[PDB]
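Next up: a single chain in structure tokens, the form deposited in one PDB entry.
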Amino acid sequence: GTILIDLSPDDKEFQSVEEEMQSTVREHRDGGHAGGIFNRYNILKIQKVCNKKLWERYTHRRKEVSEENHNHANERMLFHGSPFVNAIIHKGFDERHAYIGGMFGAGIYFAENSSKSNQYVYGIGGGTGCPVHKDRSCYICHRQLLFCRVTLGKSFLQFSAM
């Protein structure tokens, strides 16, 4: 039931998403090992993901969380990089998409920095990079990221030594 709708580059919506992508690139402590060496992206396409069933699943849970947190969903727009992005857009997020070994616990991880999510496009630690060239810093092969609506509710603040 998922359809993908292309946004025009002349559309303000496209432009906003591109600017969130570009403006949240940072340097990483691995020198580029996992995600590659870059300061900016070439955005090729931005598609809206439309699935009525998945949306209803989302808004029902949002309402439960909002009520439990005294009428505050604490909803954000956040990046997600994953080798399962094709599965996610069709079937929704679930336990198969969790990072079991993640340092903040076994759950589904999202980033404010686009470049942090870019580190997971080819798997944990960038895996072995792109399929065609086995290059984690491949400048040829097309990558995909999700920019997602995420309900945080009451969020536990964990400072991390990173």
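Residue numbers count along the first chain shown, from 1. We call the rigid core the largest set of C-alpha positions that still match within 1.5 Å between the two forms. What changes on going to the form deposited in another entry:
- In a rigid core superposition between the two forms, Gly101 is the single residue of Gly101, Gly125, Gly31, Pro131 whose Cα is displaced by 2 Å or more.
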The other form holds:
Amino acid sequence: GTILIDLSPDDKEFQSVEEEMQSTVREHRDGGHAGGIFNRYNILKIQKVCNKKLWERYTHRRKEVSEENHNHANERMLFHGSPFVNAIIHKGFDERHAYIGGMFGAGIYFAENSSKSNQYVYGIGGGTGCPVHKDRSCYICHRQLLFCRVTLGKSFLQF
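Instead of the form deposited in one PDB entry shown above, give the structure for the form deposited in another entry, please.
Just this one chain is shown here; partners and other molecules are left out.
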């Protein structure tokens, strides 16, 4: 039961998410191999994802994490890029669909840099690029990133 609320470009909530997307673009060591060559985005659509069931599921977990982390959730707004964005907005994030051989194990990965999450939109290392043109640096095909509430709680530092 997911509702998408289309935000107007003149809405401050749209502009806030727009600016976080544009301002967190970085130069990448792969020189654009994974996510393409760009300094900015064409922001076409920002929709608020409204799902009561998935939100209560989130806030319930957040409370449990707070009580185990000195009454603080350590909540962060972070980007997620994935070929499975359509499934995530309808059924929620699902650890059961995580690849076991990730750098930090079978987990769901987030970035504070939009350009980092952009590298995973078409798969690991940008996969084979956009479906139509097989181009990781495609300027034509429309991409989708999630800007997510993430409860980190007590976060284990790893190199």
